[PDB]
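Chemist: Each chain, written out:
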Amino acid sequence: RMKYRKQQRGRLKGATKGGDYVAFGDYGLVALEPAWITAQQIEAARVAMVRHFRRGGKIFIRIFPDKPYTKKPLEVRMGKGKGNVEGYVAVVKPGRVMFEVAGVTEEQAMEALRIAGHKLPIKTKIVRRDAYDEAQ
Amino acid sequence: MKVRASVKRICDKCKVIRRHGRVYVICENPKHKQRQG
Amino acid sequence: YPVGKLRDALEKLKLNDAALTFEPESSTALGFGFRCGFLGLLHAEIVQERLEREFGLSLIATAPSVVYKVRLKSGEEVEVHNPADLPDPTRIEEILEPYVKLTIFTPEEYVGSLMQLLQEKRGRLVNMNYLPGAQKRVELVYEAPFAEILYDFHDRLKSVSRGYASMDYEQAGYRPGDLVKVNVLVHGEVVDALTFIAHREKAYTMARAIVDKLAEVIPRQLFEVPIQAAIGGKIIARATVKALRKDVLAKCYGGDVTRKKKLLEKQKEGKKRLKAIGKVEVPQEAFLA
Amino acid sequence: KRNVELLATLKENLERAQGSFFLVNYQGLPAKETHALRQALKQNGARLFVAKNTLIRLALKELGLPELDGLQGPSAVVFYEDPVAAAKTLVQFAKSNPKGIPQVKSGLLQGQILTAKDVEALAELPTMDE
Amino acid sequence: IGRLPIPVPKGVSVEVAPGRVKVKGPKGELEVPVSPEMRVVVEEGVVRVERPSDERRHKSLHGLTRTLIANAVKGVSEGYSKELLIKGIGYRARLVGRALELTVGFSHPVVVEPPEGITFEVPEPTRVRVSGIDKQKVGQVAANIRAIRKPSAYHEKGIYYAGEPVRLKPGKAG
Amino acid sequence: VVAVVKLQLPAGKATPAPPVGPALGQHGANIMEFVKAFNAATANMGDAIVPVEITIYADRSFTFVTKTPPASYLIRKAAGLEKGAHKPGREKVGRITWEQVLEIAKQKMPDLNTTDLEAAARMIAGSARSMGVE
Amino acid sequence: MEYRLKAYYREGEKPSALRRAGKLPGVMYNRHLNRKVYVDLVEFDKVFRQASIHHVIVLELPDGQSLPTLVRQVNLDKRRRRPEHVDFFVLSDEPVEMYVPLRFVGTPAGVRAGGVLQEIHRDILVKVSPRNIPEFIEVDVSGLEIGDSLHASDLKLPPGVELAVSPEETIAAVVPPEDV
RNA sequence: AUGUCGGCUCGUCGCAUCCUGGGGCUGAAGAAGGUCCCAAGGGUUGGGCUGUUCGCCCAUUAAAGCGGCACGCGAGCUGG
RNA sequence: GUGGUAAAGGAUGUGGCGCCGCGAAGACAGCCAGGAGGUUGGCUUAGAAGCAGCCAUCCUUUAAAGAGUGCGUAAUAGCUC
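The listed protein sequences correspond, in order, to chains i, 1, B, 2, e, 3 and r. Numbered according to the deposited numbering, the first sequence terminates at residue 141, and the numbering increases by one at each position without gaps. Numbered according to the deposited numbering, the second sequence terminates at residue 37, and the numbering increases by one at each position without gaps. Positions 306 to 308, 314 to 599 (the deposited numbering) are the ones given, in order, by the third sequence. Numbered according to the deposited numbering, the fourth sequence terminates at residue 133, and the numbering increases by one at each position without gaps. Numbered according to the deposited numbering, the fifth sequence terminates at residue 177, and the numbering increases by one at each position without gaps. Numbered according to the deposited numbering, the sixth sequence terminates at residue 137, and the numbering increases by one at each position without gaps. Numbered according to the deposited numbering, the seventh sequence terminates at residue 180, and the numbering increases by one at each position without gaps.
What the hints contain is simulated information worked out from the structure, not anything from laboratory work. Be aware that one or more of the hints could be misleading.
Calculated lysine to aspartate or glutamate pairs in the EDC-like style (CA-CA distance at most 20 Å, straight line) [to be verified]:
1. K35 (chain 2) <-> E121 (chain 3)
2. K98 (chain i) <-> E135 (chain r)
3. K175 (chain e) <-> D462 (chain B)
4. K172 (chain e) <-> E28 (chain 1)
5. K8 (chain 1) <-> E91 (chain i)
6. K130 (chain i) <-> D77 (chain r)
All chains should be modelled from the sequences, with the hints used to inform the complete structure.
Modeler: In structure tokens:
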């Protein structure tokens, strides 16, 4: 997990549309139906990837956790104001592209992606360097 | 051996089969008799 | 194994049949001699049932024991080993076990299926000579451990070869091999420990068995004591007994998640305070033998 | 690619360098069993391509290029495509004649050939072991 | 392609009828029900089945038609029959008259009559094969008599078809 | 009987207890201990797999004049190939030039089918699979 | 090499309707020599994947006219992939937007033994090369070992005479998988 | 004014079955199993303790089900 | 009987799509028969003389070449393509 030194502790809640694009090693996943995504899901992800790639294959990470998440009580009646944290979601609106080479050749990239992105809340699609981009 | 979803073919010689709204995967090996229905 | 009463007319001789007496192991129930189980799987059951519903009373049925001839630095080797004399490895090295080499006469191909079974305790071949006379039958010789051949060798060997040929040990020439130690750490005060030998690391398939005894009705209010298999390294198994507790929060059926929170500390803080006075005293009651 | 490109091309390439090509039904023996006769002229001399094992359609239309003007004494069915031409045929042929005849049950019946210039006779090939 | 040309030599008396084509051989009149939109005509020995259109239905049914009528002609041509092979000493079998002896349920009045064009050739309890005519009711029967004790996934002991080598699992040990 | 079956073994030794065992008496062989003859014959020729097809027969066939060694390891024997005894044969034991390996085919091509023209790099080039030098 | 049927329209409903027809809207533009031109997808899309394409020069043929050009942009969709809007840059005399594919063909030393991975970094570069553009710049290295990453300095430029880039800059890298 | 726990008496219902049936698979020889599938027709006792449902505990038994039903049922009881 | 109420999921459902498959010197499934000889060890040689087990990337037949996938085991042996 990660997110150290936030400057606040109660972000609101929005979400609707945006994103990024390119592969950065060239087999990355990319989300379709957009959602929060907590760090737990990430440890599960990069672990499924790792253990499938000979426990060391090269996984660029990707997105990263930020907005705090909280239920607040235990079942206590709401009234008091909003506090505590336990989730720490990153937001992934569609088109965000998780970055996952491993030089691991062809299918294993694909398959490790199958597991990994299937260890996650949202339906996803597998892609790589393709329609390209350039500027300066 | 109902697994009522999944059904991923594994005996590899395995046959897949629809029939009466079901998807039995019949294999020459008995173990693989998966049935999502 | 008797449970209790020793001697009691050591009915050994009786009438013919590979009799047995004396030479009993201790560990945690002496029981004097542990013989009375020669020949096939019948002579043992028959005799055991004989004095049972004939003369003898409620007897035991423990398995076989060993010796272990460790080699403690500055002289040791033997030192008379006992299912409790475990002096750790401070005795320098080990070298204790009866590596007897028997001659199996398996013909046809009973070897293939048997050769794998003989691996009960890391065995090996010595002289593989094709029997003469003609064919059918055969021969076999290994160096298994008399400790891994005593109990469960014939009834299992006869099934692997349809029950053909025979088998006879030689009990000659000692050996070292891995042994290890396994002691069941009940609650946390450690008692008897039972253990075994850990020779070659076998407690595993036995640890998660002897320990996870479900706890002989040892709940004690709400001790929750965890029964772990303390052999000789941190922890091997992990058997924790269930506590008791009381439907404390069963009268405040109302609102406010604060009320049901108070009637929870008295039960949580208390359960711990108890984990000090008494521990666990559940030995008898038909041990998990 | 699909057409004459994979072996097919060279198939009648070197074979055309000669002028006395031959054919046989040899095949129907276990790989070793007629491996034993998979080096007849190859022992009788060297560099033979006996039992080339192309056949009809694969060479039956490619026989016209070859300009043997009709090697069709064996082209149908099984056809070893064994060239008596690779050797200078004479004494060596017996080393392939005994090899396909003496062996087994129906060791290797011949189809025909184009021995010499004119096509070899179906019987005369059988007739002239040497 | 290979969905139309049926050979029916012999001396057959096949003839079409409104979706209910018929066959008359040496002893059978074995029926051949079919779906009319496919439809067939036959002459001499050539047999001319036809495809109304190529949605998957009509093609697939087409293949039925050719197969089923083919089974008609081949079927009545002899009086078609299926091989069978009991094995494993837990048995006996005998023709008896118009039902089979059998002997393997140990309390064994395991009687079994032929139904129809079926009749039982009892040649050696180690064989006992059954005559019939139409292949599919031959199958209904072979299935019926094979319905009693065929598998023995450990050691061979039961009724069998022509015979697998018969897959096994290792016995009690070894 | 007719144990004249085909059963290869290891060249040049003595007690064949690890290979024989059920490859002799088991089928219906006879006697034992032509250990010496295995020495007396094959301890000499070809450290390149020189086993004599224990032609099963009355009185138990004898040794001497096996058939031939075959295998690539006869067709290119001048080496040994101890490598891989630990690991998957990294490197080493692979060169006495291309050349001593070829000159060794002048007599390392005993009995084989009819006879092909070459037993060097038109077969040692199958030892290209067999060895380490592809 | 392709063509590019011209279209008058500018901005409105039309580009959307055309995408509904499968037909990239696009641009012909160069040093203020301007026109708006509207490509069809599909084959022009294979063309698009032809790698040298979107890099190496591509020709296109508005009605019967001929022009050379090399793509300056491709607006992607974000909601999904697929290109939304191509931008061309036809070549008059001097082009400088040069978007050159590299072909480092590393000699073995790291990936095979130490297991370290040769991660591509910049993939493709920005140099200057008027109508003579070199294809695959080839910078072999046996420095796969040690976890070094050779920078931009080492390319040793073939007659495409310029490094626009600030010299020496991790053009291609290796990263340890678990450090050796 | 919507008499609130528990017991009795009566119940009927569903199935996510405890038994009874019917079948796959096995690391199933047989028997005893394990485990999932189809299965609601019937059956699911007698006690000790406590207000207790709950829970352990004796004796077994084919089993000793889980739930609904205003935590079923006080214009019908008891009221601990 | 979807319509006349639910997801991750899996599915040679089915209709139609734009690429991908012809090798009439004739593929595809079925076949028919041959599936290789030196192609046989590195360690285990208890077996690797492939398909116990921790590398074998080139020549023979060229039908193609299985460095060999598969049964299997002491290997082998006899078995798909």
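Chemist: Going through the numbered hints above, which ones does this structure break? Give me the numbers in ascending order.
Modeler: 2, 5
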